[PDB]
Structures are given as structure tokens and as C-alpha cells.
Amino acid sequence: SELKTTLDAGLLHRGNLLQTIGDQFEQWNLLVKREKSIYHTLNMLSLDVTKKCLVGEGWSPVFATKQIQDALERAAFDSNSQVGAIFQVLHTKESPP
Amino acid sequence: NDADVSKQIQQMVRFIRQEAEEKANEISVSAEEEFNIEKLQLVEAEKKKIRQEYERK
Amino acid sequence: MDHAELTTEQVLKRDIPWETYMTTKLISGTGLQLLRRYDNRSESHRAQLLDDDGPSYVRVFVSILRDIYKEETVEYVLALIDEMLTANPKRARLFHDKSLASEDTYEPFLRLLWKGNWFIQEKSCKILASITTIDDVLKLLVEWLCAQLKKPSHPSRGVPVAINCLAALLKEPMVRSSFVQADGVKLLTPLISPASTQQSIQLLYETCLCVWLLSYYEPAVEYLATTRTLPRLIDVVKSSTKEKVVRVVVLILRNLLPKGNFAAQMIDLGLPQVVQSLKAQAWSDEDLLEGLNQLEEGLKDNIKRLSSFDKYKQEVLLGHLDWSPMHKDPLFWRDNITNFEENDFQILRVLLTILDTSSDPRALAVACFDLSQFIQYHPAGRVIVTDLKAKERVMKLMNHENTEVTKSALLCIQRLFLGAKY
Amino acid sequence: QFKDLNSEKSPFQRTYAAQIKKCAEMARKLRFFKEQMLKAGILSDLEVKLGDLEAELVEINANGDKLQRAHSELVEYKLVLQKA
Amino acid sequence: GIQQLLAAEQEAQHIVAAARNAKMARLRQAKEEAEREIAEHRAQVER
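Protein chains in written order, with the entry's author numbering: chain A, 292 to 388; chain U, 2 to 58; chain Z, 1 to 131, 156 to 446; chain W, 50 to 93, 107 to 146; chain C, 9 to 55.
One chain only, chain A, in its complex shape:
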């Protein structure tokens, strides 16, 4: 009886913590999704050691690409780094879907 009571108390405490643990994990679903997306993007990309800035070439909406300056400025201000990345478009034979 004593062992059963102790086990029941332990299980109750575990569940009481596990409710908030599950809520945190539910948030952690989106958190891990974002982290994995960032990691995959970094792995796909190839950084430039000479410029000390990661080199990124991707298929973006050329018309909508004008707004990339907003995201770049937001990243620069949040990071507060004085160094500012430059975004450019390079003409090529390959057709972006």
C-alpha cells in the first residue's frame, strides 16, 4: 500500500508538470520547425570566407524582390550590426520556375 501510494503521488506530480511540458512542446513544434528550416537553408547555402558574409543565390519573385530591402533592414537593425549586406540579381540562362 505504501509503495502504491508513493507511485501514485509521483505519477500525479509528473502529470501536473507534464501539462505545462506539453504546452511548451506544442510551441516547440513551431520552434523546431523554424530552427530546422534555418538549418537546412544554411546547409544548402555556401558562405563566402573572403567577404566574411554568407553567399546566397535563390529564386525570388523579381517584381516582389524590391521588398527584400525591408527584410534586410529589419535584420540589420535587430542585429544592430553596422555592416550591411547587399542584395543583387544576376542574369543567367537558367530559367527560375
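Keep in mind the hints are simulated off the structure, nothing from the lab.
No false leads were mixed into what you were given.
With a straight-line Cα cutoff of 30 Å, these simulated DSS-like cross-link-like pairs (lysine-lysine) come out:
#1 W:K71 <-> Z:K324
#2 Z:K262 <-> A:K343
#3 Z:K262 <-> Z:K328
#4 Z:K283 <-> U:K40
#5 Z:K328 <-> Z:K352
Once you've looked at the hints, dock chains U, Z, W and C against the given chain A.
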């Protein structure tokens, strides 16, 4: 280019100044301090030996 | 530096009529002409003027310009003269002559220190350029920083001039001792790395160089031991992702890592954090890797010393309890109990009493975790805990708040019930 | 969307594939915690804390199961002795 | 453009090499300087 190339060249120049000069001068100062302190300790040991010889004399 | 160049341009763009001032008796006619020549030494060397080539004549113009201490006039004169002297054609050997001659150094003193902030910033290049008592005198509790910073900002409006002056003072050991005598060094330590600023990287790097220089000097080492928020500055640098500033801070910490049991323990707390940051954030500089290895070695050395404290029950003796690494290890916990058991578990009895009633909530949870680990490692620990009745209090705390302490208390109750269960 | 130049060059350690492997370990821990929560039925640095909490819950469950087994053994002994 | 960045990297490498050479030279010179200082101190002791 235009503002972008100006920003890039300014970033390169600022890198050359800050990142290169800071590590270089810090290494120089620290190495000079460590070397002169260690050799001053060696000179102090030699001076202690010379003082022992002078005491014997 | 970009700020110094911008301040020099802000002074050189505006013109000042030297002839009108000479006619108005503000400056001597020859003196005003020499000031104008020092300002336009770039064009004079472009014209291959004899004065520009002549180091002494250029030195004479520099001294005449430095004699005046007005904000705008001396600002323009000093900025343009320094810009020209930077160029090889203008005032090349004049810098060496000025360094050799004490008269030129004395003349820049008036333009520096008590003068306009723009004038101080413009003459700061020549002043910092070593190639004396007055230079040592120029450092105080307020010094020229109060004018250089946003306070009395004027045209230059740059605290970075004050930061560069501090770095130059740190360069010279005599100037380092003089600045150590001056107040505000410890206060500057709290704000070594600017948390969020446009010039945060520059200010942080300059302060990191100053910290490395202080680590080089023994009296500065004592001042750092007496400095305020130095650990806070280290933690801020750890928060910062500026790899250059991070490497500089790591080098400064490595140079400043003394035996210092307390500072060593604090670093060991950051040393695992430093290793974690190095693993998570890869640093290009190999110096960063060397500093990380040194920090790991220092953490190991601190753990070696901390092991003796854990066995001797230093936390119990001091009255404050924290989660001991030896407590988390069943073998180390058993060894610590045996050291206590050498006195018939007297230190273990004190630990059990602290578990029953502790100074801080963290102390109670740490004591409960240590008791659970010891009970698992040694049957006598569970019996001692039950006799002290701290087991019931821990079990009650398990249903209480502090969910981390609640989990630790649940672990302790499980450890007790393992023996209790048939 | 950037092309996978680094992966094509080398899948092993790529450019930041060490960070990718760390994120993969974190995601595996998150998946294990999510599976445990789904079994539990809960509503579903930080990764280390989540792993520690999951390990604590698993340890509590295992201790409870061991205590239940011990209670069953003691009930067996009690029943046998009472019958005797 | 990119060649400017390459020249920047080359200049940074040159600065690093200069710093290393300066550290080595400073150590080498400090050795002889402190040896001479110790000799002078021994001379005053002899006096």
C-alpha cells in the same frame, strides 16, 4: 551596385581596419608584455645567482 | 576610424579667414598665416611648397595652429593639419620633428583638454600619436570624456574619441597607471561592450583592447579585481555575437585569468558557456579556438579545486547550498558522505538539517537532490534523512510550488520509497 | 530558395551541417517528447530543458511502474501467507 | 568589386603575418635587452 557596392567596399575597409588592426595590435602588446616579463624574471634569476656569487666573494 | 574622418571633414568643410582674424588681432599675422598653411598643407604639398617639404616649417605651422584653443578655429586647423600630415607629401618628417621637439607637444596641449569638443577631436590624432606629465595630466575622473561624449557633443559628437584616448592610455604602462589613479575606470568596465549601439562594435573592441592591456599590467589586474561589473561585461560579451569582439574579449579574459578562487569559479561558470558558444557559434579566428581550449583547461582546473570544497562541505560550512557537481555523481556523493562519515556523518547531519530548513529555496532543492543521490549511493544516507525527518518536508515541498524543486523533491521521495518498498 | 551547393559539394559536415546535426538531435528529442505527450495526452537551452523534463517524467513513470511491481509482489506474499 | 574583397583578404593576411613577426621580434629583442639590464645591475652590485 550604386549604394550596394559602396556599402560592400565600406564594409571591406571597415573590416580591414577594425578586425585586422584589433587582433594584430592586441597580439603585439600581449606578446611584448609576456616576453619582456618572462625575460625580466629570467634576468631576476640571473641577478639572484650573481648576488649569491657576490655574497660568497 | 570612420567617426574621426567624419569629424575631420565636418571641420575642414567650414572655412575660417585667418587674415581677418589677424587684422582683428585675434591671432598674430604670421601665426594666422601659419595656421592657414597648416590647414591647407595638403594643397601646399600638392604645390610642392617649401614649407610643406620642410618638417620644421610644417612643425611651426602645426605649433601655431595648436596654440589657439578655440572650438571652431582650432577644430578646423587641427583636423586639416592631421589630414595633411597623414598624406606622405605633407608633413611627413614634421610628425617626427614634433615628437622630438617638446614645444610642439606643449602647443597641442592648449588645443586639447580645455577646448571645443570638435577641436579636441581634431587634435586627438596628433595627441594620441606618441611619434609626458601633461599627457598624464590630461586624464582624470571626468577628463576630456565629458566633452567628447554626448554631453557637450558639439560638431564631433563622438564618445569614440574618448574611447581612443582610453586605448592610447592603456597602451602606455605609465599612462595606464595614471588612468588607474584617475576615477571612473571601474565604472567604464560595466559598459565595456555596448549592448546595442551603431558604434557598439567599435566601442566594445576598444574596451576589449583596454581590458587586455589591463590584464597585462599587475596594478591594472588589482584594479580589475576591484572593478565593478567586470563579470557583467564578460556576460554581455558572451551575449554578443561579434566574432571579432568576442575573440578580443576571450583573449582579454585569458590574459586576466588569475588563480583567484572566486573569479576562477565565475569563469568556470562562463567557461562551459564559452565552450557552448564556440560549439554553437563557429568563430573564424583560430585565436578563438585557442582561447576556448584555455577556458576549458581553466574550467577543469577550477573543477579540481571545487572537488575539495565539495568533499569538505564548503557550501554547508558557508551556510548557502547549491547543486554540487559531486552531489549529482553517486560516486562523488558517496565520497563526500564518507568524508562526512569520517566524523560520524556530522557534515552529512548538517546537510540533512539544512535540507529540513534552508536559507534559500535553491538551497533546499539542492540539498534534497544531494540527499536523494546519497541515499541511492549509500543506504545509510536514506536512514539519516529519515531520522532527520527532512524526507517528509521534501515530500511536502514536492506538492508545493517551485516545480523544479518539486521534481527534485519527488526524486528524493522516490529514492526514499525505493528502500521503503518491500 | 538557395540551391544546395554545399550539400552537393559534401553532405558530410557541409558548411554548417554540424549545426544541422545539432538541430537534428534537438528535433529528435522534440519528436520523442511529442510522442510521450501524445501518449500522455498533453496539449500538443530550451531543447536541453525539454529533454531533461522528458527524462524526469520517464524516470517518474519507471519508478511508479517499479513500485507497482513491488506492490504486486508484496500482495502476492501477503495473500500466500494469509492463505497459509 | 569582388577583386577588392580579395585584396582586402590579402591585406588582412599580411597584417596577421606582420603581427606574428612583430611578436617574435619583440621577444627576441626583449631577451637581449633584459640580458643587458641584468649585466648593468651586476655592474652596480660590483661597484
